[PDB]
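I'd like to ask you about the structure that follows.
Every protein chain of the complex appears in place save one, which is left out.
First chain written, first letter: the chains are A, B and C, and each begins at residue 1.
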Amino acid sequence: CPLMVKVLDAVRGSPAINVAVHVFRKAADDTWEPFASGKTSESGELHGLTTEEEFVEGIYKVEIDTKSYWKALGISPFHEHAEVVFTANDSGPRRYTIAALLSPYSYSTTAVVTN
Amino acid sequence: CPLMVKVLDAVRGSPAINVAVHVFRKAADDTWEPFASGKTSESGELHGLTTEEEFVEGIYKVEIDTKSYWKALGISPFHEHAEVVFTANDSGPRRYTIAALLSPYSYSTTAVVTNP
Amino acid sequence: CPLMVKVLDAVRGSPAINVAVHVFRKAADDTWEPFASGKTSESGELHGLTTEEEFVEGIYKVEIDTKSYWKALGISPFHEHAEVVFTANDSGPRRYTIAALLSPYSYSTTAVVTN
Partner (left out) sequence: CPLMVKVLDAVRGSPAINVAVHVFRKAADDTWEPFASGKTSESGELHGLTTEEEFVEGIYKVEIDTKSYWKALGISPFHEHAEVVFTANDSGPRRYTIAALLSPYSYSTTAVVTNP
């Protein structure tokens, strides 16, 4: 589990369930190439995105499809998606958790990088 | 200018208007003494809380009444009020802006501190 | 586990470890009375604060001693503590997690209330 994503809903105070998440890796020609994807669980978590073998150093983008989440709940959103762009560095610790807290016109994100 | 409060609404994408804000100062007997209060303008801002002379050093609590705000908007909130507790002016006068961003089950607050 | 607290550090991207947390309940004379307390674990979590028996409806305050956390790391903080004040309502779901994300001059908090 080198990479995990956790998504929370600030309107209802709950995990954000069945949210699509796409991860991309920056290629040498500076295009974004698909890397991993999935949908959040009942707990707002998405596990099993990648393996240690596949998750090499580089620049990654995590796109969380927030507009589809809100629209389906009957709530008008502002963003198309939430995006988190970061460099994976082997020097530091080994497990990355990208967390996002969603509101219709705002979001917060953090990374927790542990060993 | 010594103390400003600015409140935004993350559900509607707007200033949070007519929000009640109370400021307290910790007294020597460790109780919270009322200091100043006001309600936010149409821009989500509250100025005129205090003057430099009245705003002495100590421990201040800024209580923003988020629950009344969300109830007026027709939305069920979790928190009773967002609170921000800080020591002010302990190395001389500063200008403080306390900003809050509100959602029904969450808030985010920051401070900008400047030296006149 | 009706009440859990989780604290994260936005400067280092890590759990906030050994942070003191005090919980109070509003008494009938509108004073705050001590209810529970503890220190966050290596994972930034504080479990076992209360039992279902003790955690009745009412107004609660969670005080997280952030100033002591930062000062010990050699980083100058703004707040005395982070405070979260909320009503526990039996109507809604049964487990409350209060999460806080700390920075030296800012913090974010959310509640996740699940069944």
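Quick note on the criterion: a contact is a pair of C-beta atoms (placed from the backbone, for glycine too) under 8 Å apart; a residue touches a chain by one contact, two chains touch by 3 or more.
Interface note: of B:5, B:10, B:64 or B:84, the residue touching the hidden chain in the full complex is B:10. The chain not shown here touches subunit B at positions 8, 10, 13-15, 99, 101, 108, 110-114. Annotation for subunit A: contacts to the undisplayed chain at residues 59, 78-81, 83-87, 103, 105-113. Along subunit C, the points of touch with the absent chain fall at residues 9-13, 78, 101, 103-106, 108.
Methods note: only the chains that are shown with their structure count from here on.
Each chain gets one centre point, the mean of its Cα atoms, and the points for subunit A and subunit C are 25 Å apart.
For the pair subunit A and subunit B, the distance between mean C-alpha positions equals 32 Å.
Within subunit C, contacts with two or more other chains are made by residues 108, 110-113.
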